[PDB]
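Just one chain follows, in the form deposited in one PDB entry, and it is written as structure tokens.
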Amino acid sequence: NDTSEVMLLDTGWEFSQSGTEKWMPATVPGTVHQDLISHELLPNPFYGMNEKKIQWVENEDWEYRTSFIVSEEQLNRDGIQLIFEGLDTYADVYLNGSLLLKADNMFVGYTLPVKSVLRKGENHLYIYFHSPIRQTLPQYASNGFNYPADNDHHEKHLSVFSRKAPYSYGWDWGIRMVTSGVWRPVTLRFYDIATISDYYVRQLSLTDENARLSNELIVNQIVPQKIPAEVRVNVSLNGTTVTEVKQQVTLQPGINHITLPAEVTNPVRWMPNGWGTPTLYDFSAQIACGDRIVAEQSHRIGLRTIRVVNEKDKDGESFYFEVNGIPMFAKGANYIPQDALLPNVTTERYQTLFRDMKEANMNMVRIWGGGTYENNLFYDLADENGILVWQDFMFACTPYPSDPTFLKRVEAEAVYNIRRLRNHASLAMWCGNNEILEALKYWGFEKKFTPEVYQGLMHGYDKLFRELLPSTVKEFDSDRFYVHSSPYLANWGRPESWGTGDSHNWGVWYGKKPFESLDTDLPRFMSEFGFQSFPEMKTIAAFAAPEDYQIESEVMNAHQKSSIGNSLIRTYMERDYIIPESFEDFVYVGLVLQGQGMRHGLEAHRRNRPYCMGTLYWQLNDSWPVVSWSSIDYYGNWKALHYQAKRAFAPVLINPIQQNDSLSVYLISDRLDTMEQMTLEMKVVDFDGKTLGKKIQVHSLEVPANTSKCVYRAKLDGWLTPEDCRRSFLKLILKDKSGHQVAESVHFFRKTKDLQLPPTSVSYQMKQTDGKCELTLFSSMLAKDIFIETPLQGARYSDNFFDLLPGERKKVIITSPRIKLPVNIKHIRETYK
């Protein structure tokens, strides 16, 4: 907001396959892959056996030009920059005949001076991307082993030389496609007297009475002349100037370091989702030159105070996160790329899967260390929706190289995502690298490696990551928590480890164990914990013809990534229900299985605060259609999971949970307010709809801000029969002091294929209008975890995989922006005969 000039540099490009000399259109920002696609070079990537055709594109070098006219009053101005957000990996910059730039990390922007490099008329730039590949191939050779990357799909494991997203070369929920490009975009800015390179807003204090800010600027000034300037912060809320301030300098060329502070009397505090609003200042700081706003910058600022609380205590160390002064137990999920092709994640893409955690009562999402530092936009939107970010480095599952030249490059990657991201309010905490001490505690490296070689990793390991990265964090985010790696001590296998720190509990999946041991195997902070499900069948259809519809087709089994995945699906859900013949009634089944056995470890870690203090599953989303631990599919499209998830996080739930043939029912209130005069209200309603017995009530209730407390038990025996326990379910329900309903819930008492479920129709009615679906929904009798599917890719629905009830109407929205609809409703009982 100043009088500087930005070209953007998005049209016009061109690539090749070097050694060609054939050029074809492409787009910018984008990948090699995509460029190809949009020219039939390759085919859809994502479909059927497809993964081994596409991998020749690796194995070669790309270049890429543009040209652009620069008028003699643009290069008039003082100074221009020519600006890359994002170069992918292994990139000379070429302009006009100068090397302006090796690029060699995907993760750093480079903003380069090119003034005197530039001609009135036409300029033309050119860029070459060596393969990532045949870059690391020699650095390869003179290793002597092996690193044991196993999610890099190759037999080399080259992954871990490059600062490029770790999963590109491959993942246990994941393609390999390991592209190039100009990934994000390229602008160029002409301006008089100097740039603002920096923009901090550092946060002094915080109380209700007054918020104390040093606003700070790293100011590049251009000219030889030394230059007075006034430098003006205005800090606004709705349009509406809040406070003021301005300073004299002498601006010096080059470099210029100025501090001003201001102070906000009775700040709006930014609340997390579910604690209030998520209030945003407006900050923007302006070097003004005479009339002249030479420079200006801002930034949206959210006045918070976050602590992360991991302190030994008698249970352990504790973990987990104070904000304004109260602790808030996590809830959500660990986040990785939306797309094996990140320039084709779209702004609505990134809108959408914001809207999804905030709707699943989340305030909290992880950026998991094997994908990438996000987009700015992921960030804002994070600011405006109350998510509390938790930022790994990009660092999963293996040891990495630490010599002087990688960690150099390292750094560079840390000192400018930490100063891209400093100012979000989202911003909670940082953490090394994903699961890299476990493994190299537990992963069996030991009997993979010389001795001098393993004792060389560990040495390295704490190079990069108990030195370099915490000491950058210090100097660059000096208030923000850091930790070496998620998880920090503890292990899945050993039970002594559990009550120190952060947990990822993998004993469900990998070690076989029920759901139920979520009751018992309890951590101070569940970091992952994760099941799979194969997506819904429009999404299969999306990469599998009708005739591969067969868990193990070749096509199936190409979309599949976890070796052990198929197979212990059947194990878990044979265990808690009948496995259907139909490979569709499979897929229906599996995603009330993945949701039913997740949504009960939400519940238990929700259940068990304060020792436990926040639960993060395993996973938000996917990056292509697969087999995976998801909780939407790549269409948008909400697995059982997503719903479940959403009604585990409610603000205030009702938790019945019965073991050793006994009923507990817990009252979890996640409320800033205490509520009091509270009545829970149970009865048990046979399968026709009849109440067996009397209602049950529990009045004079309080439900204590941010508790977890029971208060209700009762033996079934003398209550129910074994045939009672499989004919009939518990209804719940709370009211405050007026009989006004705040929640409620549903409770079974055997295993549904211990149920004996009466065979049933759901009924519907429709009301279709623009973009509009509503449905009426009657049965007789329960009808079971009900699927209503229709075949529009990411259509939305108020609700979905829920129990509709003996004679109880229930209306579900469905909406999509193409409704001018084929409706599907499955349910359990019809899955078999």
Second form
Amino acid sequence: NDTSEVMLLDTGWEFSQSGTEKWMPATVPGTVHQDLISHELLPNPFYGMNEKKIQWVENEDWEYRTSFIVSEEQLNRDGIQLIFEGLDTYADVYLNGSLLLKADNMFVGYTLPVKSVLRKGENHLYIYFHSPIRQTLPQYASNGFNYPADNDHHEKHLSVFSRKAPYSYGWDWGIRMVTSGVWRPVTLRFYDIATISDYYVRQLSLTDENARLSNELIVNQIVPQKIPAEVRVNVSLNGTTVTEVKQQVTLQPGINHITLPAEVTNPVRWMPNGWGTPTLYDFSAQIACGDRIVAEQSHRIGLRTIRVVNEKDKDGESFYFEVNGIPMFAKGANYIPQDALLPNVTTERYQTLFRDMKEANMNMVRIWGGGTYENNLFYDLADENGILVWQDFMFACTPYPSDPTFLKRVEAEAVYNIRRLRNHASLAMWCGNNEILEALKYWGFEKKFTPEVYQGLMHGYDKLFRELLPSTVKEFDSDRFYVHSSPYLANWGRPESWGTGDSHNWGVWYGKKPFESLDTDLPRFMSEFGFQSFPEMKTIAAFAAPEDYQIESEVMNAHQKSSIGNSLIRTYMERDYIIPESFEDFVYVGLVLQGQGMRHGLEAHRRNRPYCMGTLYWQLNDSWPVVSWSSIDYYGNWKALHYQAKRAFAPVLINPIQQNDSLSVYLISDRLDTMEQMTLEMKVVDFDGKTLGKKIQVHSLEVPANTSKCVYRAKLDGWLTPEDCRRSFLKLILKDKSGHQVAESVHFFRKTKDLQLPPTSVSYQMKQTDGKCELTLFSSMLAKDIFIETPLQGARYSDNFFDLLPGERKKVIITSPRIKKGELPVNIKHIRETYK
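In place of the form deposited in one PDB entry, the structure of the form deposited in another entry is requested.
Below: the lone chain, stripped of partners and molecules.
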């Protein structure tokens, strides 16, 4: 919003495999792999078994070029700046015969002064990407040991040497595609006098009465004269000015530091999803020289406090978030990259993923450390959806080097991304890495390395995670929490450690523990736990053949990367369900299983507030069509788990929990207000619809804000017979004084495999128009865990993976832009259908 002119360098690019002298059109931002695919120079890397057939790319070097025109009038501007938001990774940048940059960190943006190198007329930009494998082979050869990075799918674990997305080398839900390229935008800015290098809105204090801010600017003045200027900051809300402040300065050549206080009286606070509005102010900083605004930069700013409380207490050491002074139970998931090829993730895909977290009642996301520091749009969407962000630095599972050069590269990326992200309302904390200290302690090592190399790794840990990173946070983001590792102390095999900080409870899945264990094995905060599923059939059809459907088949094992995969799924399924004979039915029941088991954990964590203060499941999403722990597949289809997470995260939840042949019912609220004069009503209904016994009523209930409380206990014995338990379910509703329903739940008394489910038809009527299909479903008898299956990729449902209750009609709306007036194919599956 100033006199500068920005040229986007996003057209006219060509690329070439080094040594071929053969050039073709490219798409920038982009990746080498996509550029090849677009010219049918590579097969669909996600299809079938194309993974092995695409690996060759990682051994070549790749060159990119573009030309552009500069006019005499542009060449005459005071300054001209070329900005690379992202280069993956070892890139030699040449412009007009000048080596401008030898890039070496995927996570750093580079700002380059180029006016003295540009020419009137045609200009030639030329980028040389060294193979990150061949670049680091000599480095590895000199190292004399292989770092234990099991997720790096190569004999030589080269990932640890490069500041490049860890997942790109492979992971336990991911394809190996060690790509290269101009992965974020390239801009040329022509400007006068100065640019704003950094604008930081630093909150000094916040009360209901006043927010005090400090506007900290860094201005890079490019001309040799002293330049009188006036710095102005405008604070607005919804287009209307709230306050305005200004400061006279004379800008000196080079860097200038400018600080302007501003205050907002009676500030409208940013609140997280579920507690109100994610209000964002617009803060705009301008540099005005005479009549002209030579430089402007704005941020959207949310006014709130976030405190992470991590303190010794009677239970061990707490780990929770206090938002605007109120302890906030965290509800969310771990986020991984949305694609093997990052530039392929569109604005639309980011918007939809946030819609998916918001609609599932989430208030937090963990950006896990084997991915990337996300793009600005991700954090912008987190801001406007009221989702808190836990940001790992990009270190995961393995110890890393700690030599001076390496720590210099890391320092660059830490400074860059902290300054990049620190104005976001959503940003809640930093975490040095995923599971490295656990790895060092327990994985085990010290049987794997000499004592000397082991000691070096231990000192190397401290240098990076207990010194460099926490110092950098203290300097550049001094009011945000940092912890050196997640989990920082708790280990899932060591019950004595569970009351200390956050847990990754991998007892379920890796430890083979039943889902019931989640009721007893409680953390102070669950930062990971999870369970895998095959994605639904239309997703399998994007990647496998009917031949290719047994699963531990070649491909159906090729698409599983956990240490066991599809073995474990069957093992757990047998505990609770009849294992279906057909592959398609097995896929359906596996979705149901992951949903039901995980939901039982999310409920245990909320039920056990305040001992437990959060649950973030592993994992939200997928990077490609694969078998994984995700609740949303690569094509955006919600698995059962996503619907179940939405239910389990509902602001008010009725939670029936049955153990030791007894039922308790808890009422769980994350509301900010207390509910008074409430009635819990329950009744036992058989699978034919017939009420058994009488309604049970619990009157005069209070549901206080932000609490979980037991309101009802009954022994099963004397109430229902073992036969009644396999033949009926419990219906529960909660209502206010007048009889308006605020919540409902259903409860089963036995495992699904033990239920005497009746054969039944789910019939439906359909009303189909452009973009929309409204179905009304009916079954005279219980239909268990119904799946409404359509072939349309990414179709959205008002509900799915729910029990259709006997004789009770249920409306479901299906939407997709592909739905054309004039029949959407619909296949309704339910549990009884899967066996005979």
